[PDB]
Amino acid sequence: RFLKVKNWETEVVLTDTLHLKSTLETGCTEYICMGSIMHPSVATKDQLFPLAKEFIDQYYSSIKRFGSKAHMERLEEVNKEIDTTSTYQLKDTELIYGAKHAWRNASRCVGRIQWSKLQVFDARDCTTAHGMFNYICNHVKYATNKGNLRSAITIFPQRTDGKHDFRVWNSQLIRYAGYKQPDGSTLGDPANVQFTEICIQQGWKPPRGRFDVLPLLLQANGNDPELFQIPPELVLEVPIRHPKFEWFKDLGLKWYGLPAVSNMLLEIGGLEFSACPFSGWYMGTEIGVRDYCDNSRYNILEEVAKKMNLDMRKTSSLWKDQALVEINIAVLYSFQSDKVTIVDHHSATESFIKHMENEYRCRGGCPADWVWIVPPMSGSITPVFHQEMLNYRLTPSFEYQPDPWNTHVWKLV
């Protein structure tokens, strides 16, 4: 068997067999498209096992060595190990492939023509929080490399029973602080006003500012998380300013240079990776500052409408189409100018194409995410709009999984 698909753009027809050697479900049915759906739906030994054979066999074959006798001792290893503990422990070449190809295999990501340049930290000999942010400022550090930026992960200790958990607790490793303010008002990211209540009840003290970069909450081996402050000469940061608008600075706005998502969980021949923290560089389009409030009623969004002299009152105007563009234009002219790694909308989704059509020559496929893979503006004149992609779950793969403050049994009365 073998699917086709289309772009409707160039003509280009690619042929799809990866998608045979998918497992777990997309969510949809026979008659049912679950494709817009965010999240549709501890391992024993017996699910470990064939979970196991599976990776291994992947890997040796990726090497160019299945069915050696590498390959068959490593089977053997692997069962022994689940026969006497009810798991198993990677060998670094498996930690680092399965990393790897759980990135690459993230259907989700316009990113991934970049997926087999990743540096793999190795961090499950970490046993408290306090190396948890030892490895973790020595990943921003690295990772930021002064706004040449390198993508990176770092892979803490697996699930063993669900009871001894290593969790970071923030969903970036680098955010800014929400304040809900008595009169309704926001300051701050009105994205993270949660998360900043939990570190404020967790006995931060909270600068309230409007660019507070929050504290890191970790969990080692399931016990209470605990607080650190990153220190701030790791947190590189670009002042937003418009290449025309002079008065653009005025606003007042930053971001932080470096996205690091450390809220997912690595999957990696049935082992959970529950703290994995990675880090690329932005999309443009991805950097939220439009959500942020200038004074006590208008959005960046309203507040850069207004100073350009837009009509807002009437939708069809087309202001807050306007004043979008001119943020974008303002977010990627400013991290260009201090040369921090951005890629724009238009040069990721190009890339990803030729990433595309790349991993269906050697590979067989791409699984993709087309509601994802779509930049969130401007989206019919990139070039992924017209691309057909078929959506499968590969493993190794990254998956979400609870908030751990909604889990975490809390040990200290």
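Definition used throughout: the rigid core is the maximal C-alpha set that superposes within 1.5 Å between two forms. Positions refer to the first chain, counted from 1. First, how it differs from the form deposited in another entry.
Superposing the rigid core between these two forms leaves a single residue from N309, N295, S116, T93 with a C-alpha shift of at least 2 Å: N295.
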Second form
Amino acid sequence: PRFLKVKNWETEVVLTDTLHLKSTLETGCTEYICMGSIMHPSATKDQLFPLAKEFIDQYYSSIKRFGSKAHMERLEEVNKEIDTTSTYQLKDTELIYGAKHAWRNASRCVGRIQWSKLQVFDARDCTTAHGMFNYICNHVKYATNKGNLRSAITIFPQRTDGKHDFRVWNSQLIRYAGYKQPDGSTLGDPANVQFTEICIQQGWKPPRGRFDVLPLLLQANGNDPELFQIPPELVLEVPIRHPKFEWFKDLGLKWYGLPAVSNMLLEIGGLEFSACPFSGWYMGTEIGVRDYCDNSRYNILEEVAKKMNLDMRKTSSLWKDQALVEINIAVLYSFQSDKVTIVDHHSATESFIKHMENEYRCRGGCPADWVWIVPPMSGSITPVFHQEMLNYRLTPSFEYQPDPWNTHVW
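Alternate state requested, the form deposited in another entry (shown: the form deposited in one PDB entry):
Here we give the lone chain, stripped of any partners or molecules.
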């Protein structure tokens, strides 16, 4: 149960971790087996109050009021409410503190230097899918801000008995449709083919193009989900072009400005918010390496290398690698030219090392998942590659949850 050191082998800087001692949730590893590359490893009144007490305790600790009259009174209030209702409600201040800290605690996010600038929208009074649609339209408009993107989260009512869950069925608020072709191939985004069929089956008339914006599929109070169209003037998009290669715009690529993840679960003090879409801005490689060049995604490396007239017969010509750099140059140039906020992996990994040093200084550690933090291209020439990291699970947190079409009954 020591203090653990972490070393940077580029700078020989050595930080000391004490924060991991405060961890409670399990990571998935054992003393004999490490599972750090597994993507997803492995209530009632009775267990609810201790989880509530822990969270209330660290909140009043954070505002230098630990043991105050207010603190004592809030604990008493919460006990009486779990007693008589089998749950409790967060104060507005607590809700904001809780959401900011779930971002702060997200081991896999390289963008956490921004964690305390998070705009929190409280949607806990929502009762229908129409009201969900309204709240989501306001979120998108605020976060987009005509290209000057601002970080935000919208929080719908918490889970009760499990039969009345609020869910956003989309995995992101803005995504493109994908279509299984008669000839076996895929049109549009292949990552979204299943969701697209669910939408068509629900009455959505598909334009059947490469970049059709999906409709929102929204579930309130455990009812059947309902389809809504996002007003097109709210969806900001960027035509992808290349600063040197004139032919690149002829490829006809484009992407949306706003990354907004909508299928995770937010956990604060034992309460579960099953619908809580949150958004920031992109790191270029999320679009240019993964979205465009994954074999199971848009997979455009082949066409681009052809236009570059590269030798594609042998792998050792690194034609895949040259074409990759060029696509990511194009993505960054396009966003920047249209004044839409974006960060490159060099600048982002720099910021994160600075953030780590901040957190060790003021908090005594920073949980970090090397497997996800290091970018999907040019790893070792970014500073995070050579940085030792410790990974552990703090709460409040964001968690994975099951796709609602596996659980729902109509």
